[PDB]
Structure formats: C-alpha cells, structure tokens
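Next come the chains, spelled out residue by residue.
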Amino acid sequence: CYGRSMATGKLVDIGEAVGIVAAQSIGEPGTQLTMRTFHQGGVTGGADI
Amino acid sequence: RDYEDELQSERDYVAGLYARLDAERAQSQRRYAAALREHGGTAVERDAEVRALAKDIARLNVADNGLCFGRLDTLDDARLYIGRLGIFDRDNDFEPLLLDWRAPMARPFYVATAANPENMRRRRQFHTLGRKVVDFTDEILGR
Amino acid sequence: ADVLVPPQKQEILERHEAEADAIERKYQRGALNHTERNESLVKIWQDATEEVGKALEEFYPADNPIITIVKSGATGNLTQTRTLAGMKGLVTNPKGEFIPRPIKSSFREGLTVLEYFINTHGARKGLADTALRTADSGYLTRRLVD
Amino acid sequence: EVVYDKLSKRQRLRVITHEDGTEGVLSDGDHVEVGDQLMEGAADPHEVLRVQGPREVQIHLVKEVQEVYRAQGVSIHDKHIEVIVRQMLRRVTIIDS
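Just so you know, the sequences run in chain order A, B, C and D.
Counting from 1, position 5 in the first sequence corresponds to residue 5 in our numbering; the numbering is continuous, with no gaps.
Counting from 1, position 4 in the second sequence corresponds to residue 4 in our numbering; the numbering is continuous, with no gaps.
Counting from 1, position 115 in the third sequence corresponds to residue 115 in our numbering; the numbering is continuous, with no gaps.
Counting from 1, position 12 in the fourth sequence corresponds to residue 12 in our numbering; the numbering is continuous, with no gaps.
Everything labelled a hint here was simulated from the structure, so no lab data went into it.
Please note: incorrect hints may appear among the correct ones.
[Unchecked claim] What follows is a list of derived Cβ distance ranges for each label pair:
(1) B:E139 / C:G30: 20 to 26 Å
(2) A:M6 / B:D89: 30 to 36 Å
(3) C:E24 / B:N119: 22 to 28 Å
(4) A:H39 / D:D20: 45 to 51 Å
Note that beta-carbon positions come from the ideal geometry of N, C-alpha and C, so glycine has one too.
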C-alpha cells in the first residue's frame with residue numbers, strides 16, 4: 001500500500017520507518033512557507049489570512 | 001419612455017464598473033500567485049507583498065456586490081457615482097468613475113437635503129439583484 | 001561593463017511620476033482617503049517596477065555573463081538582476097506596509113542617503129525575523145514527528 | 001429542502017466556472033451534489049466529515065495540504081501527507097453502547 005520508497009525507487013523495505021521520513025519531509029521545507037505576522041501590532045489576523 | 005432609456009444607460013455604465021473591477025481582480029490574483037511561487041526577495045520582503053495583495057483581493061470581494069449605491073450630480077451638471085470603492089480611469093487623468101462613499105466630496109450624498117443643498121442637484125438610489133441594478137428613484141434638491 | 005542599464009528607464013520613471021503627480025492632485029481635490037491614496041500609489045509603482053524589469057530583460061544580450069548565470073538556472077533570479085541594474089522598487093516601513101515613495105536608484109547607480117536609510121527598515125526586519133521564523137517550522141516538525 | 005438563512009453579504013458566492021459556459025458564481029436554478037461548497041472560502045473539516053464521511057474528509061485534508069505546499073513551489077509526494085492524515089482518523093467515538 002505504501003508503494004515504492006521515493007529515496008530508492010523500489011518497493012519499500014519491511015521495517016522502514018515511513019512515519020519519521022514523512023514527518024521530516026513535511027517539516028524540512030517549512031522555512032520557505034509564508035508565515036504569520038510575527039510583530040503583534042495591528043488587528044488580529046484571519047481575514048487577511 | 002425616458003425612464004427605461006435612462007435605466008438602460010445606467011445598467012450599461014454599472015456593467016462597465018463591474019468589468020473594470022473584474023479586470024483588476026484578475027490582475028491582483030495573477031500577481032498573488034506569482035509572488036507565492038517565486039518572489040526573489042528576502043523572506044520578509046516577500047510575504048509583505050502577499051499580505052498587501054491578499055488585502056486588495058479581500059477588498060475587491062467585499063465590494064463586487066451592489067457596487068454602486070446610486071448616481072449623483074452637482075449644480076454644475078457634473079455627474080458622480082457613489083459606491084463601495086473608488087475607481088479611477090488611469091488613461092484620462094484619473095477621472096473618478098466611482099467614488100467611495102467615505103470620500104470627502106462624496107459626503108453630500110448623505111448630507112444633502114432640499115432645505116440645505118450641498119451644491120448637489122438630484123440624488124438617486126439604486127436597487128440591485130446580485131450585480132445588475134434593477135431600478136432607481138430620484139430626489140430633487142434645491143428649488 | 002557587464003551590468004547594463006536599460007535605456008528606457010528614464011521615460012518609464014517620468015511617466016509614472018507624472019501619474020503619481022495626478023494622484024496627488026486628485027488627493028488634494030479630496031477624492032481619496034489616505035489609505036486609498038497610498039494603495040493607489042503603490043499600485044502604480046508596482047507596475048512601473050514590472051515594466052522596468054521587462055525592459056531590462058528585453059535589452060540584455062543573450063551572452064551577457066550576468067543574464068547567462070540566471071537563464072542557465074545556475075543561480076539567482078530575474079528579480080535580483082532587476083534590483084542590481086533596474087530599480088530597487090518599493091520598500092516596507094517597520095510596521096510592515098509599503099512606503100508610497102519607491103527607491104528609483106539601482107545599486108549600480110548608488111542609492112541616495114535617504115533611500116538607503118529607508119531600506120534598512122526591511123533589512124533589519126528580515127534579519128531579526130529569520131531567527132523566530134525558524135521556530136515555527138521547528139514546532140511543526142516536532143509535532144509531526146511525535 | 002435544506003436551508004441556510006444568515007450568510008453574510010461579505011462572502012463571495014462559490015464559483016463553478018464551466019469551461020465553455022464561464023457561468024462563474026452559482027445562481028438560482030443550479031444543481032449541486034452532496035457536500036458541494038456554496039461560498040468561496042475554507043470548508044470546515046468536521047462538517048465535511050459529518051456530511052460525506054471519513055473516506056472523503058481524508059481526501060479533503062490531503063488535497064488542502066498539498067495545494068498549500070505546491071502553491072509555494074514545494075514538491076512533496078501525497079503519500080507523506082497521507083501518512084500523517086491517517087493518524088488523525090484513528091479513533092471512533094461511542095455515541096451509544
């Protein structure tokens with residue numbers, strides 16, 4: 001069901017910790033995402049989300 | 001006969017404002033997506049523009065329904081439209097096509113009355129159904 | 001010699017300055033609120049910057065080293081090239097909103113004292129932000145791993 | 001009939017935008033399927049789950065996250081998002097014994 005491991009191109013090995021790989025892959029490009037207005041001035045966000 | 005002929009003219013112009021607003025929204029949406037996908041600037045320099053564009057897109061969405069409240073004119077025969085947002089023609093020295101009702105010169109729309117006309121001749125009001133104006137009513141000012 | 005400047009910059013800047021002068025006239029007439037005027041000026045200057053960038057891209061020869069580095073995908077982007085040889089464009093005040101006066105001098109020409117002063121707002125904001133910015137990504141990564 | 005009565009005037013009506021018709025905003029007389037959005041904006045995950053079911057809310061969450069990531073030029077395979085989304089739907093609440 002998991003399918004091929006993207007790192008090797010073949011069917012995923014039994015025992016591979018896919019959860020940690022997925023979490024790290026999702027979290028690594030986080031710094032490139034647009035983030036909240038860190039300075040607390042202005043009206044509360046959510047409308048200009 | 002005059003009434004629907006005037007109404008058709010009003011429907012035409014108001015349709016013009018919607019067309020101009022739609023062109024503006026597409027312009028902002030294109031740049032909003034472009035900035036998200038690539039900006040080339042520093043992180044704060046990048047997301048700072050996105051907030052402004054998102055603010056502009058939200059501004060347009062709030063306004064595209066019942067955009068024009070009604071026509072108005074001055075005793076000098078110059079005609080003004082009052083609406084949710086101010087729209088100006090870049091190609092004609094920024095002739096005001098639509099004036100935000102909060103604008104200083106738009107105040108006579110609410111303040112003007114027959115017993116004390118603020119240099120405005122005939123106020124008008126618009127009924128709307130989604131975008132199109134259904135019908136209007138007039139109100140004379142002054143003698 | 002390789003950092004070329006598009007010759008159409010002067011006319012574009014003059015035309016958009018005339019447009020901004022028209023904006024000022026209409027604001028004096030009382031047709032715009034302060035925020036509306038500022039947003040309209042930002043709107044004009046954004047397309048001014050885009051037009052200057054278009055002229056820069058259309059002017060450079062294909063074999064110029066500066067454009068060669070970018071077009072090949074090795075590094076950089078056309079925005080940095082525009083900043084270097086075009087115009088710095090609009091900048092953000094400390095509160096996080098665009099100042100209505102653009103920086104019309106490129107880093108090749110040399111920014112004046114006050115344009116350089118106002119660029120420091122954004123520079124400092126970014127430098128101070130990055131450290132806290134990494135924290136949110138760390139937070140999300142910790143939770144996703146958990 | 002199912003009725004909603006107090007939707008604010010600020011919210012833009014959802015746009016269908018038929019490729020050839022370019023109808024845009026849905027209007028009176030249109031036909032909508034189960035769970036189709038009405039106003040442009042985000043959809044509540046809980047309401048989506050309640051209306052459609054677990055097999056559909058997972059798809060909605062995965063699509064939303066992937067759209068958010070790929071809009072900014074980041075490529076992540078859907079399986080990584082699905083691995084996380086699976087853990088959210090792991091429990092069942094007992095409404096009656």
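Going through the hints against the structure:
no.: 1; hint: B:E139 / C:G30: 20 to 26 Å; verdict: 24 Å, holds
no.: 2; hint: A:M6 / B:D89: 30 to 36 Å; verdict: 54 Å, violated
no.: 3; hint: C:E24 / B:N119: 22 to 28 Å; verdict: 24 Å, holds
no.: 4; hint: A:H39 / D:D20: 45 to 51 Å; verdict: 47 Å, holds
In this structure, only the earlier hint numbered 2 is contradicted, and the remaining ones agree with it.
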